Amino acid sequence: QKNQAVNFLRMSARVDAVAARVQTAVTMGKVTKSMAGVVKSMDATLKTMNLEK
Amino acid sequence: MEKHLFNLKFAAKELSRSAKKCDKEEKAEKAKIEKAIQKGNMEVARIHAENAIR
Amino acid sequence: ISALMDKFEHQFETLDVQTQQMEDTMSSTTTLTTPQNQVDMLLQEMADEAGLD
Amino acid sequence: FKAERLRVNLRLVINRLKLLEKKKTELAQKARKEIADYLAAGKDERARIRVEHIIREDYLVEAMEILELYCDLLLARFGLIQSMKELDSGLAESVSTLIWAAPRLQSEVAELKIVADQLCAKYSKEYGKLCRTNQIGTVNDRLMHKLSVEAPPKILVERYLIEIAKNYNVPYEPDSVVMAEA
Amino acid sequence: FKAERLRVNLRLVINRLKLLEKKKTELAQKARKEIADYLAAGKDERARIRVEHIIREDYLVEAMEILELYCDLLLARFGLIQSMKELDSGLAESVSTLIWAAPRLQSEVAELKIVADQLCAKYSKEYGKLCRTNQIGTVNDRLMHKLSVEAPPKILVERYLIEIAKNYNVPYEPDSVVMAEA
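Chain order of the listed sequences is Af, Ab, Aj, Ae and Ag.
Residue numbers for the first sequence follow the deposited numbering, so the first one is 55 and each next one is one higher.
Residue numbers for the second sequence follow the deposited numbering, so the first one is 1 and each next one is one higher.
Residue numbers for the third sequence follow the deposited numbering, so the first one is 108 and each next one is one higher.
Residue numbers for the fourth sequence follow the deposited numbering, so the first one is 6 and each next one is one higher.
Residue numbers for the fifth sequence follow the deposited numbering, so the first one is 6 and each next one is one higher.
Note that these hints are calculated values from the structure, not bench results.
Among the clues, some could well be false.
Under the rule of at most 35 Å between Cα atoms (straight-line distance), these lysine-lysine pairs were calculated in the DSBU-like manner [said to hold, decoys possible]:
#1 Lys23(Ae) x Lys35(Ae)
#2 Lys114(Aj) x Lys35(Ag)
#3 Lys23(Ag) x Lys23(Ae)
#4 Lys114(Aj) x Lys90(Ag)
#5 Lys159(Ae) x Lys94(Af)
#6 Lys35(Ab) x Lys7(Ag)
#7 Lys28(Ae) x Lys7(Ag)
#8 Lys9(Ab) x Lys21(Ab)
#9 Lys13(Ab) x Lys28(Ae)
#10 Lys28(Ag) x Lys171(Ae)
#11 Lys28(Ag) x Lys35(Ae)
#12 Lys35(Ab) x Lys171(Ag)
#13 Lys29(Ag) x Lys84(Af)
#14 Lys107(Af) x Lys23(Ae)
#15 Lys171(Ae) x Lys90(Ag)
#16 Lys38(Ae) x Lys151(Ag)
#17 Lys27(Ag) x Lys159(Ae)
#18 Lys118(Ae) x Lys28(Ag)
The whole structure should be built from the sequences, with the hints applied where relevant.
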């Protein structure tokens, strides 16, 4: 029982780590998409709003 | 015509409120910096100092 | 499996470079609002008196 | 070409070069902080080429300042430029300096390009086409070198490394073999 | 080939080699911990070959650093390289060193390969094909040996075993028969 406690708990560690980096990957994804969104909408609204007018 | 007046006043009071928040966050962020550097962490202390400034 | 795993390393490695790049442009666009000098004097300000309260 | 386009675009160019100038200064500063990080830990060489990127952005700052000046000058006597079909002695400089600076800076600023056209087509006297390519030798030479892209002499670079080393207080030992020569 | 591809890819290459460098350092460290585990319990020999894997990853670290440098150099004078159809004296090094380093490092970094092409096809002067294979003798030789794959002389290995033994404080008795010779 004790050595199993060690083994499992170790798996918990490493799997948790990958879980963290995947988390970062997803949130990064959201930020990227949304940012693309603002760059575009702002761009097509920068074409008819171009500074001279 | 009133509609635009109301949107302008609204945008003004809007900007004031948001400014107010950023300021409040600033003070809270000073506090948080002190807690941070209390440990001796020179990195967290950095990005906190930075966010305080901005 | 092993192949899938080195593929894994390479993969999230690319995640990290994506991250780094993103944060470079993202922090060089808004950078007018965070001078270096200001941050220096701030961090110093809370350095000397740091634990004095 | 129209007059109002020229005016409005000049004012937008001034604003643009202003913000862009300030920002390039701050960015330069921060990167200087990076230099200070390198010289205190790792190799000198990497730090050196990095401060070559620094010296580049610095030259862009200075250049943008003098060019900004000439823009403002043209904007002040702008009342005059709407009359004569020939550029007079006073504006005989900023015309060439601004026109010639178009293909260099176009990436940072597009408005500079549009202004460049607006002037380019206002003159059938030695501007446009091959004549344009032949009037552009007479510009401000100082601005020309400040702007022109060539690797600086390493003594200048190593000087910057000295100063940067000093401000953030890191020990630096500049090669004594460089100081002797030029 | 285009210019912007070259630039963007160089900047991505710098970032890539940066993270990859840092990470290889940490990984190396941890494996050194493994060495410390071996020498204190089991055979020396196993530990020895293991630290040959160490010396490999170390050479990759160093190599990636100098190559990173040359990349940054090309990126600094990059304003110049967009003009001349012929590489001048200044860049006459990093061109060859970066081009030649493509087939070695391609697995760790693909962007290095794409850059390698981007330069390769920008020159019809002694680059590409058999001419490419014939200009690649002139690269930085130091980088060439740091990178090239050959088993290190066992004195170097056994030196590393000495140091590693010391840092984690384990008794080690290096063969006195090796120290005599080279």
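Hint by hint, here is what the structure shows:
no. : hint                   : in the structure
1   : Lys23(Ae) x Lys35(Ae)  : holds (19 Å)
2   : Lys114(Aj) x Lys35(Ag) : holds (22 Å)
3   : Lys23(Ag) x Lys23(Ae)  : holds (34 Å)
4   : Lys114(Aj) x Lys90(Ag) : violated (40 Å)
5   : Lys159(Ae) x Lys94(Af) : violated (43 Å)
6   : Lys35(Ab) x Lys7(Ag)   : violated (51 Å)
7   : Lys28(Ae) x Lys7(Ag)   : holds (29 Å)
8   : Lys9(Ab) x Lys21(Ab)   : holds (19 Å)
9   : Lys13(Ab) x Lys28(Ae)  : holds (29 Å)
10  : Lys28(Ag) x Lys171(Ae) : holds (31 Å)
11  : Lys28(Ag) x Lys35(Ae)  : holds (25 Å)
12  : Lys35(Ab) x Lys171(Ag) : violated (39 Å)
13  : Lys29(Ag) x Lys84(Af)  : holds (29 Å)
14  : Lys107(Af) x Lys23(Ae) : holds (20 Å)
15  : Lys171(Ae) x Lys90(Ag) : violated (40 Å)
16  : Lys38(Ae) x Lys151(Ag) : holds (31 Å)
17  : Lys27(Ag) x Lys159(Ae) : holds (29 Å)
18  : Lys118(Ae) x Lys28(Ag) : violated (45 Å)
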